[PDB]
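S.K.: Below, each chain spelled out in residue letters.
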Amino acid sequence: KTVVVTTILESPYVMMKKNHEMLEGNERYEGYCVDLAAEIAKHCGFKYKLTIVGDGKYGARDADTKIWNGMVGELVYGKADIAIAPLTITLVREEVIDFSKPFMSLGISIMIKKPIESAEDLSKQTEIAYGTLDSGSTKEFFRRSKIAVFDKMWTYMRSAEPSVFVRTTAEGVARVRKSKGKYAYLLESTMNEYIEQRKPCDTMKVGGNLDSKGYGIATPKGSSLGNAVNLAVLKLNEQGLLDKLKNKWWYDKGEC
Amino acid sequence: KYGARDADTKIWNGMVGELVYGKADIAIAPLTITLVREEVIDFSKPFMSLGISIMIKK
Amino acid sequence: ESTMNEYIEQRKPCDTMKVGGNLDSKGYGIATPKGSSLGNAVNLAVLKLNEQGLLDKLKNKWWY
Ligand SMILES: N[C@@H](Cn1oc(=O)[nH]c1=O)C(=O)O
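Protein chains in written order, with the numbering used here: chain C, 1066 to 1321; chain L, 3 to 60; chain D, 33 to 96.
Isolated chain C, as found in the complex:
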């Protein structure tokens, strides 16, 4: 009956409300995806329960145990009925789960502490270290690129010691902030743009996006919800709600 929604504590998509300990259920959270979940649920006619993914990961298949972790795993093993999060539509995921059309368009980008202007720049040097989220579509983009500059970047990143990979986006952001310009972070343009509008306003997005892709609402392969969820995403985009929500969470409340 009640749809279990798996999501991730990733700002500004889902965050704990300042007074969450005094609130119950869905009311404990706020964010772009919290606002989107309420709307998808109204338009699809279902009751839901927001739950934060237990391992705090997006979703990758372990080469070895072949088990899917993160939000993708929760859907694959039936622990959740739908994922409403900044989950990237990728070929490997689409093979095991269904995705609505994109609710947000984006691409990999470079985040620097306020002398690097591009991925080519990062590749040609070694003083400034750089990495990605330890588990996610960004790390996979590099591990599989056949493009020279990106393959060179991957060769470096995968062998860098200490590790240049981070467990969460917040961790990558803090590393950039505390490294005196000696660490650049590769992350999705959406997260980059958000952080650029957050105090202490010491980071910046540089260069163009490395690729073009989108985030989609995910459901277990063959779910009853897929069709309606997809139609809802298309309707909300055409009406302008998605743009409204991005403005609300990225720029209207910007601190810089």
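No wet-lab data here; the hints were simulated from the structure. Cβ coordinates follow ideal geometry from the N, Cα and C atoms, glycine included. Just to be clear, a hint being listed does not mean it is correct.
Said to hold, decoys possible - Taking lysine-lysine and the DSS-like style, the derived pairs with C-alpha atoms no more than 25 Å apart in a straight line are:
| hint | chain 1 | residue 1 | chain 2 | residue 2 |
| --- | --- | --- | --- | --- |
| 1 | D | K91 | C | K1217 |
| 2 | L | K25 | L | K3 |
| 3 | D | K89 | C | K1217 |
| 4 | C | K1309 | D | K50 |
| 5 | C | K1178 | C | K1243 |
| 6 | D | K66 | L | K3 |
| 7 | C | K1211 | D | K89 |
| 8 | D | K89 | C | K1204 |
Stated by the list, open to error - Calculated from the model, a selection of chain C residues having no Cβ within reach of chain D, i.e. all distances over 12 Å:
| hint | residue |
| --- | --- |
| 9 | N1091 |
| 10 | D1100 |
| 11 | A1103 |
| 12 | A1128 |
| 13 | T1130 |
| 14 | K1131 |
| 15 | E1192 |
| 16 | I1193 |
| 17 | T1220 |
| 18 | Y1221 |
| 19 | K1247 |
| 20 | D1267 |
| 21 | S1289 |
| 22 | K1313 |
| 23 | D1317 |
| 24 | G1319 |
Stated by the list, open to error - Partner residues aside, some chain D positions facing chain L, computed with beta carbon under 10 Å:
| hint | residue |
| --- | --- |
| 25 | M36 |
| 26 | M49 |
| 27 | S57 |
| 28 | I62 |
| 29 | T64 |
| 30 | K66 |
| 31 | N75 |
| 32 | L81 |
Since the structure of chain C is already known, use the hints to place chains L and D with the ligand on it.
M.R.: Frame of chain C; chains L and D with the ligand shown alone:
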């Protein structure tokens, strides 16, 4: 034409109509994914991102 | 659409230009009739091409 539904006859024209009435098996073109179309035909994930814009003479 | 606009902007007589930002954000998709045997495979093929970098390659080829 790309494809729109006649308000009167409810008949689809353009590439959309060709798919709807079985004249073509697939449309590979700059065909925009929309709610009205998604109701009558299937669309793959996007191969290109875009938005409406304004073209002016310099 | 921004796509046609920016293409024309880079073609003689070079007398037009795109002004302002896009009014919305959407995408183009390969379409098939409802229940088509091709639907599933074409969708996965689009995802493969984007990830291989082929779509960006074709875009630069025909625009830039
Ligand atoms: N949305 C990404 C997670 N992730 O966020 C980034 O900024 N990079 C990255 O891999 C995914 O779905 O795997």
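S.K.: Hint by hint, note whether the structure agrees.
M.R.: Hint-by-hint comparison with the structure:
1. Only pairs whose Cα atoms come within 25 Å are accepted, and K91/D paired with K1217/C is accepted, the gap being roughly 23 Å.
2. Distance check on the hinted pair: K25/L and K3/L sit about 14 Å apart at the alpha-carbon level, within 25 Å; holds.
3. For the given pair, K89/D sits about 19 Å from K1217/C by alpha-carbon distance, which is consistent with the 25 Å threshold.
4. For a cut-off of 25 Å, the pair hint linking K1309/C to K50/D stands: about 23 Å separates their Cα positions.
5. For the hint pairing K1178/C with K1243/C, the CA-to-CA distance comes to about 9 Å; that is within 25 Å, so the pair holds.
6. With a C-alpha separation of about 20 Å, the suggested pairing of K66/D with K3/L holds against the 25 Å cut-off.
7. The hinted pair formed by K1211/C and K89/D meets the criterion: a straight-line CA distance of about 12 Å does not exceed 25 Å.
8. This hinted pair checks out: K89/D and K1204/C have alpha carbons roughly 21 Å apart, not beyond 25 Å.
9. The Cβ of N1091/C lies farther than 12 Å from every Cβ of chain D, with a closest approach of about 27 Å, so its non-interface assignment holds.
10. The claim that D1100/C lies off the interface holds: its Cβ sits roughly 17 Å from the closest Cβ of chain D, which is beyond the 12 Å cut-off.
11. The Cβ of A1103/C sits about 21 Å from the closest Cβ of chain D, beyond the 12 Å cut-off, so the non-interface label holds.
12. For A1128/C, the condition that its CB be more than 12 Å from all CB atoms of chain D holds, with the nearest at approximately 17 Å.
13. For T1130/C, the condition that its CB be more than 12 Å from all CB atoms of chain D holds, with the nearest at approximately 24 Å.
14. Once the 12 Å rule is applied to beta carbons, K1131/C is consistent with being away from chain D; the minimum gap is 20 Å.
15. With a cut of 12 Å on Cβ distances, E1192/C stays outside the contact zone with chain D, its closest approach being about 28 Å.
16. The non-interface label for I1193/C is consistent with chain D: the shortest C-beta to C-beta separation is roughly 25 Å, beyond 12 Å.
17. At roughly 17 Å from the closest C-beta of chain D, the C-beta of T1220/C stays outside 12 Å, upholding its exclusion from the interface.
18. The beta carbon of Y1221/C is kept farther than 12 Å from every beta carbon of chain D, the shortest such distance being approximately 19 Å.
19. Every CB of chain D is more than 12 Å from the CB of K1247/C (nearest about 29 Å), matching its label as outside the interface.
20. Distance check on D1267/C: its Cβ is at least 27 Å (rounded) from any Cβ of chain D, clearing the 12 Å threshold; non-interface status holds.
21. The non-interface label for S1289/C is consistent with chain D: the shortest C-beta to C-beta separation is roughly 18 Å, beyond 12 Å.
22. Chain D leaves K1313/C outside its interface by the beta-carbon criterion, the shortest separation being 16 Å against a cut-off of 12 Å.
23. The Cβ of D1317/C sits about 17 Å from the closest Cβ of chain D, beyond the 12 Å cut-off, so the non-interface label holds.
24. At the 12 Å boundary, the C-beta of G1319/C stays outside the reach of chain D, the nearest C-beta of that chain being 17 Å off.
25. Because the smallest distance between the Cβ of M36/D and any Cβ of chain L comes to about 7 Å, under 10 Å, the interface hint for this residue holds.
26. Interface hint at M49/D: satisfied, since its Cβ lies 6 Å from the closest Cβ of chain L, which is below the 10 Å cut-off.
27. Hint status for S57/D relative to chain L: holds, with the closest Cβ pair at about 5 Å, below 10 Å.
28. At about 4 Å, the closest approach between the beta carbon of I62/D and any beta carbon in chain L falls short of 10 Å, and the interface hint on this residue holds.
29. The interface hint given for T64/D holds, since its Cβ lies 5 Å from the closest Cβ of chain L, which is under the 10 Å cut-off.
30. Proximity of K66/D to chain L holds as hinted, the smallest CB-CB distance being about 6 Å (cut-off 10 Å).
31. A least Cβ separation of about 4 Å between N75/D and chain L falls short of the 10 Å threshold, and the interface hint therefore holds.
32. A cut of 10 Å between beta carbons decides the hint on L81/D: the least distance to chain L is about 7 Å, and the hint holds.
The structure shown violates none of the earlier numbered hints.
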